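This document opens with one chain alone, in structure tokens, the form solved without this ligand.
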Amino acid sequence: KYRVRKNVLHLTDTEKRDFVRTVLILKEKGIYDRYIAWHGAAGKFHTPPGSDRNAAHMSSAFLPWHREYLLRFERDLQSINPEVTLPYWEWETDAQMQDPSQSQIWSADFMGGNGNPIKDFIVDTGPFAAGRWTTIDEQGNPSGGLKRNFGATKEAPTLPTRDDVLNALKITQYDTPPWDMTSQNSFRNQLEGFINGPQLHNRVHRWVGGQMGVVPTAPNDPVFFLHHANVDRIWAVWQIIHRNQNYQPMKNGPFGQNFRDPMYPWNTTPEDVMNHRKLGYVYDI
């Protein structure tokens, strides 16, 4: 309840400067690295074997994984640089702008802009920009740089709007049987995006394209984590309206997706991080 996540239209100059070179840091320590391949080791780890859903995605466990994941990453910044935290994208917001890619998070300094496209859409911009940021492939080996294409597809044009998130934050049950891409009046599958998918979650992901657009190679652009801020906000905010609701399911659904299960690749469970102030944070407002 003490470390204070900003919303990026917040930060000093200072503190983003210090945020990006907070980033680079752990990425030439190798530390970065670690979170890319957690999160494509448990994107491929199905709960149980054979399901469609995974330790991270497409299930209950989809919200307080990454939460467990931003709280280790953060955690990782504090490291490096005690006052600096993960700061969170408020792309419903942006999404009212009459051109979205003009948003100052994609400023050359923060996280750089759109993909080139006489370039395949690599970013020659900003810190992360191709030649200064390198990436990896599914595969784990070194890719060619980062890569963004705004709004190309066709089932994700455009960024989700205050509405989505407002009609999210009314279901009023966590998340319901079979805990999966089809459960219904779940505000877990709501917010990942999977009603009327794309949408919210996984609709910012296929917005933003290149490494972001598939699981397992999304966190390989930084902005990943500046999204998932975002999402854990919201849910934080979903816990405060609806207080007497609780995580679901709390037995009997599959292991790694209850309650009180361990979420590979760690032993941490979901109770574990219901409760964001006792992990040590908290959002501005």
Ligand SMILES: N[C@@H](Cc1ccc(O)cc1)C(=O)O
Second form
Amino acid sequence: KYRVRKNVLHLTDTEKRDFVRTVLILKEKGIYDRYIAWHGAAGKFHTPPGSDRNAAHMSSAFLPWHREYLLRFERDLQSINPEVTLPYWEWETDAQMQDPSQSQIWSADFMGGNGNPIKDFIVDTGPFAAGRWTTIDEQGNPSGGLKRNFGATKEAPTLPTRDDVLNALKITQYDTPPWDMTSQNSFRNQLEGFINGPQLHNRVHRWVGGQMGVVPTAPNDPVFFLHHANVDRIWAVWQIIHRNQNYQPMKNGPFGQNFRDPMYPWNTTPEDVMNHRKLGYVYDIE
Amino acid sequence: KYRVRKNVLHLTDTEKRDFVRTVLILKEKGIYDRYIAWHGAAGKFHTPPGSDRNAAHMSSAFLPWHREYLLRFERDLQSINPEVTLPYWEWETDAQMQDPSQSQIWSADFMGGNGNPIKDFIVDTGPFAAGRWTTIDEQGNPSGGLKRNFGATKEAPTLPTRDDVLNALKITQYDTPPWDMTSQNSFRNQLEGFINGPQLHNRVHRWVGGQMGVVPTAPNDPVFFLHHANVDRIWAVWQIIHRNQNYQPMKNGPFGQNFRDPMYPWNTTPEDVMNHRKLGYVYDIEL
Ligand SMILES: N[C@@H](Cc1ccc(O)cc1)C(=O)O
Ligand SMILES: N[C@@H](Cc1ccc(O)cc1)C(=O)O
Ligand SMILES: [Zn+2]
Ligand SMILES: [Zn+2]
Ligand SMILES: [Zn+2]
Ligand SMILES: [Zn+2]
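Can you give me the structure for the form solved in complex with this ligand, which would complement the form solved without this ligand we have just seen?
Then the entire complex follows, led off by the chain already shown.
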């Protein structure tokens, strides 16, 4: 309960500056890249092989995997500066803006802006602009330049709304067989964004575009973490509301998806991260 | 000191059985595939990106990375049968045979045999024959069966010899700048196999062929582990002989290669595994 994760819009200029600086150091040290690889590798780890479930997405472990992922990143941040915490991008309130690109998360001081059409949508403003920040591809080879392309897709022209989130919070079951894309009456699947998708989480990924639009390259953009903090916040609120309702499958699902299964690439199980406050943090709104 | 790793050739029939049995259970549970993936994932993790060093190969971490790999695997074995331990394949003595494919390590009771050239070198005997043991490809999807093609290659027609091993043990430096394929006068690089390559570890991979011949799929073949147990034994012997030589680089090598850097995909450092007795095991030759 001690460490607090705040809304990006509640951050002081100094907090924003320290968050960015710390990410740059993690990047320079070689630590950041381990995060990009972990997520891509988990992306190709199928449970079981032959199915479209993977260790980190399209399945029940989606939520505890990204929560373990964010936890480990935050400790890495804290090992550089013990006061830094992971903030969250509350995209549903940015959804209300006539032009979400004008949200303060996109200023030079922070995430930097949308891609520049003149430069094939390479990001050329902020701390992560090309020349300042290097990217890798799916093979783990250098790839020269962060790209973004807000709302350029007919499948994801807008950010999700507060109503979408509210609507997800009403669902009663964590998850339902067969624990995948096609799971219905499923909070997990609704949040991930496959029900009549792309919605919510999935929708944000494709709204941003650039490297964020595809699983293997998505954490090349530091906003990935800010997005996933918000997702983890939503799940936490859902856990607060539906206090009785627990994780499913508790057993008999695909290995890696059950309550006490190792989540590749780690030994951590969903049980280990089921209650976030036990992990040392709460979100400000708590 | 208190768990012993034995030469495969010294195993009893009931020891052979229990090892094979345990691996099959790891496979069935979903545990075994985590190791295939771990190894493939590390192979794609370049230190630094751009270079041809990676987290598990072609660099100083090659040896401790595989030691940690094996340790985890063994613990997973022991969680099924706390009496089971990783045996090793002493390929240098198999090399003495006019034809190494007749070795008992390829018996139907253990690793099974060479590939069937009628079926594109699919292994069709032993516990791991096609239809008893499903394989995965580089993308994580089923690939339809173990393949082996012993010594079918010009570059690797033979197993490495006892003399090859002895000559690697003469080298004084653990490794040398720039900590990769081109490193000279380097125990690491020599044992790995890039000095007039493929020698030693690398030559073994290519001599077996099939999935063993390629980085992303090599661990599909359980002999991968018996192979690396021999590699780990050879390193441990080098560490005994040169008791005052330590891991290199200590610092200013690429991140992930230094003595106290985490080895992707773990937080484990080379220092964490530099003393194998501290890890709880010993090779039978030490006794
Ligand atoms: N694959 C998701 C989008 C997505 C992209 C990157 C991720 O890490 C996760 C999800 C979709 O089909 O809509
Ligand atoms: N790359 C080695 C062969 C090899 C195959 C699989 C491995 O895991 C490791 C090495 C060579 O070129 O000789
Ligand atoms: Zn995501
Ligand atoms: Zn993802
Ligand atoms: Zn190898
Ligand atoms: Zn290998």
